[PDB]
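**Q** The chain contents come next:
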Amino acid sequence: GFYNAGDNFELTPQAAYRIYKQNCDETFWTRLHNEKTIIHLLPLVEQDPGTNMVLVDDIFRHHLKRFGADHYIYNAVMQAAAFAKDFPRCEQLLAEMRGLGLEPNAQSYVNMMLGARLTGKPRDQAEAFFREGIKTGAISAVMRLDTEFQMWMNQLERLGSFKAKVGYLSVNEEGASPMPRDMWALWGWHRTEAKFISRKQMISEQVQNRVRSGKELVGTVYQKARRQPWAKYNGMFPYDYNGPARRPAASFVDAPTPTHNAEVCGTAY
Amino acid sequence: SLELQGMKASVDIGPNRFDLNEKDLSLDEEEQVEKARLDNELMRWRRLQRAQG
Amino acid sequence: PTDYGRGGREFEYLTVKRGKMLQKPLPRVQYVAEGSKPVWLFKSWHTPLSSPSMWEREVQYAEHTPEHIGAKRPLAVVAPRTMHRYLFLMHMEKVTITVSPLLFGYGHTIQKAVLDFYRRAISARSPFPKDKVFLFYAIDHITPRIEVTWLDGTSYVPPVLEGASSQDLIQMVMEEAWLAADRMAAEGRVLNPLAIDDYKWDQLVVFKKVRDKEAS
Amino acid sequence: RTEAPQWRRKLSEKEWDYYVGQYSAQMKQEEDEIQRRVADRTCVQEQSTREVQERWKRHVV
Amino acid sequence: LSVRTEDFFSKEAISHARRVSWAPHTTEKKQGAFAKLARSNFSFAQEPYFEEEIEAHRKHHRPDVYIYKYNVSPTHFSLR
Amino acid sequence: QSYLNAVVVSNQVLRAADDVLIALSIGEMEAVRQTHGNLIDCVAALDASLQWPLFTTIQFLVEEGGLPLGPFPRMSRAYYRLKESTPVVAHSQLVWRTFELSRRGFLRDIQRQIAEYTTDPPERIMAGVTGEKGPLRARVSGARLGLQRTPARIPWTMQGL
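Chains as they are written, first to last, in the entry's author numbering: chain BI, 74 to 342; chain XO, 453 to 505; chain Ap, 88 to 303; chain Ag, 126 to 186; chain Bf, 27 to 68, 75 to 112; chain XF, 120 to 170, 194 to 245, 260 to 317.
What the hints contain is simulated information worked out from the structure, not anything from laboratory work. For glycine and all other residues, C-beta sits at the position ideal for the given N, C-alpha and C. None of the hints are false.
To list a few chain Bf residues with every Cβ distance to chain Ap over 10 Å, as calculated: (1) 28; (2) 35; (3) 40; (4) 41; (5) 65; (6) 68; (7) 94; (8) 103; (9) 109; (10) 112.
Straight-line alpha carbon distances no greater than 25 Å define the calculated PhoX-like cross-link-like pairs of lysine-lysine that follow: (11) 289(XF) / 288(BI); (12) 101(Bf) / 94(BI); (13) 475(XO) / 487(XO); (14) 153(Ag) / 139(Ag); (15) 487(XO) / 295(Ap); (16) 487(XO) / 288(BI); (17) 135(Ag) / 94(BI); (18) 289(XF) / 487(XO); (19) 91(Bf) / 297(BI); (20) 62(Bf) / 287(Ap); (21) 56(Bf) / 130(Ap); (22) 37(Bf) / 56(Bf); (23) 460(XO) / 217(Ap); (24) 487(XO) / 55(Bf); (25) 305(BI) / 487(XO); (26) 153(Ag) / 268(BI); (27) 37(Bf) / 55(Bf).
Kindly generate the complete structure, drawing on both the sequences and the hints.
**A** Here's what the structure looks like:
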């Protein structure tokens, strides 16, 4: 794994697949982990479907064995098929969802639209999928159906694909670096809302997410104004004056001797 | 009877509302921003008083 | 990023720079057909601010009207930012709350949240709130839930999760009720606007008490 | 004085296994602590799910 | 030039975002409506920060649609 | 040789299906899951080996029970090709004629049962829920392949628990 251009840490698709392989049966593993692994593998599926669709199918089989059928896994696999340019497989996955009873989801319909656009199917098919979704109720349109479909198509065109020429997904350049260029980078309005936080603070944040889940459903100007950090003690601390505490790093003394060191690791994305 | 004894619980004119306290009054954007400002100023005041003490 | 300038006390009240001025074209509105004739809504302070017409969009394009929900006009873009601490159920035809006494015995916070929501609903602003508010105990001890059905026949369920208070539930319900009212108005069905009434006076007394307490 | 492990280097099978094992150990520690803290917060009784996961792990190996 | 009512009366200094509309009828202040109804007469923080607003209908019901690793919506993208 | 291997694999699949049926009859979720995993492993072995008795076993698994073919794209392709092939049509016609003269979905059910037995009530209630800033943070960060990669999204106002 490495920090990309945005100082965000991302795992290589191969690393994610190997983590999945080694943690298939662990107690903490979940359908969310399976779908995240499929997500990580998606770029490789697009680059070479003939060698990575087998891995995606293995993940799908493991998911069926452990957790059975789920909207998350079906959506992930149909998105992988769409990236691999397998429209018949996307349709087969949708049909399997309908047969098993998993109500088709807005994500599934968007996956169908993406597959149609990537494979080059006429826009009539994408319009039909969007209309089916809106009738089912998975998708809700505030504008007219034609305008909503145009907006979705424009968003998908902006995204593009991995082999495409123009598109956000069509940009493989990344500022790879073991460490972020600015460790005090902010994600919010104050140094309290720093992008990088200690492991214990992150664990507390995860517990907050899983426990106080209701608060995420509401938002009010009272909270928005309360968040303004104009009375948040923008002062200094002894660690600010001296330096970060000298915490020893994680030394891999037992690591095996490095082989293929002369060989560079090509970008996976 | 017991019904006669309890006949005064109900409100003859209006409905039988279970509670109506200060917490039930709604507040618009202006009132909400005022309350947020007051809370932030109170936090700053507590911090300053603690520093003084 | 290019609009940044100088420091605070070094602000640029006047700038002089040699060069050929470049008038970059102004942004063009998107997702609008060509040659389409929009509909204009004359906003004025004579219309009360609370009315959804003020929050509606002035220039209305036919392609912005959702014709499959029955709407004739496009949906309002802005929404009121009020924090609803009470419940106003005039625009909703029915409310059903399913609760579990066994889960209450277990002692979950969702139980208290739903019970307080029911109490505030039956003490809501609409006349005779008990007429529209109904409570059903868990016939099969299922997870508690809330369902609000509007005059249009549509229904909404506020996702009840841990760390959710009756205040948050009422805020969500009232926001969705305002959205449903806007949708119905766009559809073209008259919707009885609210006006000061007995509940308004009952709120006035407590407001005056709060004012007196603060003054003291 | 000695060859350094280049950061942008290919990894053999053994190196892959070692690094993935270290990462999985960190994941296990984080997940265990998160699970224990949420259980202490005792949102609901998840003993059934804990037993289900333990049963699956035991049956697999 | 000469004297004018434009010189006489001063408009409200309100930002574009806050302004509900630019219509001549809405040119006046909001409190004017209350003042007329009652037939009577009557400051940004140090760090004023606002999180970007979203259309009401879209924000209250945001579809849980995602792409490779970015949330995709008819109006907004994001990272997740 | 190849026919013998196909017969052996078909017999293994049949034994796995019998184990699944026995587990369903008993009503034990552990045995149900183990037998389902064994069946899926047998089908994966079928796919690997393929890379007629197998076709009949697949017909039984897809008709008597509902087997999702998503994980087995090549298997689905082969099944559809064989169904389109004439001999299958002749066999179906003969079966229909015999039935006229004479004149289960267990896989889908077990998949639903294991899904329900695995999903916890908190996850079930949290599923299909969206907030006013996007999908639930719990759903987005549930994978949590590492806190080193998990981003921070908690405002300082709500940061304190």
